[PDB]
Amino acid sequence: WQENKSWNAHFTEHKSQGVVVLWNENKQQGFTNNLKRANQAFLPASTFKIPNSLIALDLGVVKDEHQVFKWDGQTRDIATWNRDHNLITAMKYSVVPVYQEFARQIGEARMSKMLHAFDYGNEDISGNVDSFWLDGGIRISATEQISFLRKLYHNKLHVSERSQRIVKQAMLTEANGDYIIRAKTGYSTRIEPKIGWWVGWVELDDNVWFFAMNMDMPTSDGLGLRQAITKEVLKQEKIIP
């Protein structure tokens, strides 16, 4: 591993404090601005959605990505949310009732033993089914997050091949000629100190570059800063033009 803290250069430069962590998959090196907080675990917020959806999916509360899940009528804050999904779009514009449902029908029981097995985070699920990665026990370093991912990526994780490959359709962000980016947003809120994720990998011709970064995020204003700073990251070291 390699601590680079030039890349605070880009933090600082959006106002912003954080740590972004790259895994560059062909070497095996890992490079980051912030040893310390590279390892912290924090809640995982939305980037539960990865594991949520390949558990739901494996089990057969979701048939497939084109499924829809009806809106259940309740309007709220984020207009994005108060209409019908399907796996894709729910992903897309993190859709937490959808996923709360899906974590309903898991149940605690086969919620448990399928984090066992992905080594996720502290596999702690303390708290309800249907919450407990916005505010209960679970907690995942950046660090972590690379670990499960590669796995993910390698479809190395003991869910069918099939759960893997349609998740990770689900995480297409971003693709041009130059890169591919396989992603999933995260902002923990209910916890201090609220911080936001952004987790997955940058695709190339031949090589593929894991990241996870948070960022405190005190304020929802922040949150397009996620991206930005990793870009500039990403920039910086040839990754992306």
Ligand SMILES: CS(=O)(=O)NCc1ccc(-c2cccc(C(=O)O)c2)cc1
Contents of the next structure:
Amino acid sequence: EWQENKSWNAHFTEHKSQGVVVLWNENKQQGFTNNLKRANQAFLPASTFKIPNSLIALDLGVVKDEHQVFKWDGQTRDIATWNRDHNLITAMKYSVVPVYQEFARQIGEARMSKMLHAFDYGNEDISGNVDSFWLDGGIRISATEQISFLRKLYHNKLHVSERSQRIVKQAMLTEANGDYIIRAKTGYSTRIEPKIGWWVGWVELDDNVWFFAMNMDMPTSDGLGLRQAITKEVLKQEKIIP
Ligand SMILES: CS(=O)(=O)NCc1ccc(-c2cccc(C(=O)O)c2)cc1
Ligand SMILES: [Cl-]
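Mind giving me the form deposited with this ligand bound, seeing as the form solved without this ligand was just shown?
Let's see the whole complex now, leading with the same chain.
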């Protein structure tokens, strides 16, 4: 079932922000959100698309493994961490768009379209340029649709090899301590209004998994840290993490 908890709106109001957090309790098969409407509103996935993009590149052999080095093309860009060599792990960590644009060009329109339909990913529409449609093309996905996709990935139920899914979940590793593990991916969509930030993934506990997907209005990059901060406040409130 689904349950709306508007008390979470305080975590956005507190920060002069608007957004949605969607939680899914895997053991109980129950979902929770502050805003049922926005939970089902579809936005550009931006760098959260690096999850499916990584899966497709690996399954087709465009990426051999997580150690393969993708050499910097020598073009200086405004994000210093992009001006260096990367592998799959670091390209995900630093959300290195130009590495994944090359992935998409090697994947090609036909195979990209087939794979996103096989994944049931969002509106499955890659209209636009093959190397930028997740930033300014026609593809759209909602917070609830992110969770449906992530749940299949967690259970190795996507229509790619188990190896491809294991590698991507490794690359999603964001935080780990004695109490929980977070595998997630951030997103930042600026090319089409409304500008939003994403954070999607899950929290692994000893005996349960909580999937999450959040997006929030992001008029400037100054508030990007709120994607994780707001999500963790909700997780703390619901006593999922200490
Ligand atoms: C129109 S703009 O000038 O406001 N945006 C340009 C811009 C700003 C930040 C990034 C970036 C890079 C790496 C990580 C993250 C993140 O959110 O984790 C955001 C990319 C591009
Ligand atoms: Cl791992």
